[PDB]
Amino acid sequence: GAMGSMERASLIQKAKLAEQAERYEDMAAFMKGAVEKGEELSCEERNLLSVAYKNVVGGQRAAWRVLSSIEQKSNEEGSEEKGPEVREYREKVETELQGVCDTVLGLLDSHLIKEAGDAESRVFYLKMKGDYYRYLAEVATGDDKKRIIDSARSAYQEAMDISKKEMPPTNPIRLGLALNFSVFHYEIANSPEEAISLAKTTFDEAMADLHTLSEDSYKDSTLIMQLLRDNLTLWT
Amino acid sequence: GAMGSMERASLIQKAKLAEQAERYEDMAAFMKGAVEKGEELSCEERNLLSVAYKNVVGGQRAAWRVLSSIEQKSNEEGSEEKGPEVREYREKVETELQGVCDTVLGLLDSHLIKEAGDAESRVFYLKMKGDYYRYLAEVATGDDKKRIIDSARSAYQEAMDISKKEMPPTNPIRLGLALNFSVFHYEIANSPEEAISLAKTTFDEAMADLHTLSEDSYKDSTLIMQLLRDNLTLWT
Amino acid sequence: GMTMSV
Amino acid sequence: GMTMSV
Ligand SMILES: [Cl-]
Ligand SMILES: [Cl-]
Ligand SMILES: [Mg+2]
Ligand SMILES: [Mg+2]
Ligand SMILES: [Mg+2]
Ligand SMILES: [Mg+2]
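In order, the protein sequence lines correspond to chains A, A', B and B'. A prime marks a further copy of an entry chain. If you use the entry's author numbering, the first sequence corresponds to residues -4 to 231, in order. If you use the entry's author numbering, the second sequence corresponds to residues -4 to 231, in order. If you use the entry's author numbering, the third sequence corresponds to residues 380 to 385, in order. If you use the entry's author numbering, the fourth sequence corresponds to residues 380 to 385, in order.
Accuracy of the hints is not assured; some may be wrong.
[As the list claims (entries may be wrong)] Using 16 Å as the maximum straight-line C-alpha spacing, the simulated EDC-like pairs for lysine to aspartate or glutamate come out as follows:
1. A:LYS11 / A':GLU66
2. A':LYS11 / A:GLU66
3. A:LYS159 / A:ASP113
4. A':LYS87 / A:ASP113
5. A':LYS87 / A:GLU80
6. A:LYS109 / A:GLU91
7. A:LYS87 / A':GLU161
[Said to hold, decoys possible] Taking CB as the label site, the calculated pair distances span:
8. A':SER64 / A:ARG142: 47 to 53 Å
9. A:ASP104 / A':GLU2: 36 to 42 Å
10. A':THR228 / A:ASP104: 52 to 58 Å
11. A':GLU76 / A:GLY101: 35 to 41 Å
12. A':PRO167 / A:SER0: 35 to 41 Å
13. A:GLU189 / A':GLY101: 52 to 58 Å
14. A:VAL46 / A':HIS106: 42 to 48 Å
15. A':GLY112 / A:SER0: 47 to 53 Å
16. A':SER63 / A:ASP97: 32 to 38 Å
17. A':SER63 / A:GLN67: 42 to 48 Å
Hints are computed from structural coordinates only; laboratory data are not their basis. Yeah, the Cβ is synthetic: ideal placement off N, Cα and C, and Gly gets one too.
Let's have the full structure, built from the sequences with the hints guiding it.
And the structure:
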């Protein structure tokens, strides 16, 4: 790999520089190189990995949705035929997005998840696995769509089981996992009631644990609680 | 080239799709492929080419400035030594930016400019040549910096001479050329008085010609006149 | 309109 | 603060 000759610490340093410069493709490539050094990642390093790929795939998802909307309109009644170009270019972006998801899932499988023993790392990586299978599910249309959906569900469920056993209800990783699994239920699994129930129960349990927290921890937890509330307001 | 197998019209169509999806690297590659078909570009096609590369190089310039600022701070009195990484990564971004500028200049030289006979195309392409030499000048520090600066100046000057002879003072291409040549004087050539004089004279001549225009042309011209005014307000 | 995730 | 170009 092109990062094989660079020191692990230099890759991390450059990932932080790329973030400051909003160069997220570079940031992702640097953190991929750091993961491939084979050492476990610290808390800060895990969040650099997540930030980088979340931004890259976020831009690809936004573009895919623009192009998919155009393609769907072109297939309505009374829409003039414009040839294969819209489909081709949507497919190009889709393939690039799938490739990024496959890359992340490959890093998790070789070998981040199997070496992750602490709840904070294991839940973080399993949430990531659920997230990137969810992104694959958003564009899936063929024979393997059900298996992609179930792979997302399975990863989220394992993360949830650990998080409920090992973390307090206000833990930001636990909260963000529940937020995203709730979105999975609503957007992917056609289960809006499950989505709503999960978001409400997560919010209420966290509310009841806020009294245990410092001011700084209270700020971190309430930030994600507000995202659960935003979704509940959208959905009810 | 990877676009050699795609129809010219399909490349243009996909450039417009990439713009809608804010995929400007794709947009640039599609328009590079369209230029390399060897036919002249229409007005609309020229603006697709310009939009695409302006966005790509604009992001690179913004990142280069972030990294250059960090590098300059690291070389101040009392700054801890952090190794070669900041310089290396600034150099990486700089090299990528130079490569994009070289690509654009290569398209202009092979063979957009030599086939451009109408004032609207010739001035447009010569302004582009000045712009991308200006972007090279922004990062130049070596033996060829003066020659890069003079290449920008020479292209702008030829465009100005044609625009004053062949276009009315309110023509948006003429106005944007003068805006950018004024920025060249202020930021590149260390000539703030020339920058100010050019912007003022351009603004005043355009003001006096507005009465000849339709409502739509008046809107297009006054938009760029306001940018000249913004710079004059910043500079005086 | 936007569904929130993190 | 921003210099305008087009
Ligand atoms: Cl394509
Ligand atoms: Cl580098
Ligand atoms: Mg080493
Ligand atoms: Mg371990
Ligand atoms: Mg043909
Ligand atoms: Mg000609």
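Cross-check of the supplied hints:
1. A:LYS11 / A':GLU66: holds (14 Å)
2. A':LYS11 / A:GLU66: Holds, at about 14 Å.
3. A:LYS159 / A:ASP113: holds (14 Å)
4. A':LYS87 / A:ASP113: Roughly 37 Å separates the two Cα atoms, so the pair is violated.
5. A':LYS87 / A:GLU80: violated (34 Å)
6. A:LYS109 / A:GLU91: violated (27 Å)
7. A:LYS87 / A':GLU161: Cα-Cα ~43 Å, so violated.
8. A':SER64 / A:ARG142: 47 to 53 Å: At 48 Å between Cβs, range holds.
9. A:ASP104 / A':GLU2: 36 to 42 Å: 41 Å Cβ-Cβ, so the 36 to 42 Å window holds.
10. A':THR228 / A:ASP104: 52 to 58 Å: Taking Cβ atoms as reference, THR228 of chain A' and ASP104 of chain A lie about 57 Å apart, which means the hint holds.
11. A':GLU76 / A:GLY101: 35 to 41 Å: At 36 Å between Cβs, range holds.
12. A':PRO167 / A:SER0: 35 to 41 Å: violated (49 Å)
13. A:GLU189 / A':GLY101: 52 to 58 Å: 56 Å Cβ-Cβ, so the 52 to 58 Å window holds.
14. A:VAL46 / A':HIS106: 42 to 48 Å: At 44 Å between Cβs, range holds.
15. A':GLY112 / A:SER0: 47 to 53 Å: At roughly 51 Å between Cβ atoms, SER0 of chain A and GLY112 of chain A' fall inside 47 to 53 Å, so the hint holds.
16. A':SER63 / A:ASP97: 32 to 38 Å: Holds, at about 35 Å.
17. A':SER63 / A:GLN67: 42 to 48 Å: Given a distance of about 44 Å, which is inside 42 to 48 Å, the answer is holds.
When held up to the earlier numbered hints, the structure conflicts with 4, 5, 6, 7, 12 and fits the remainder.
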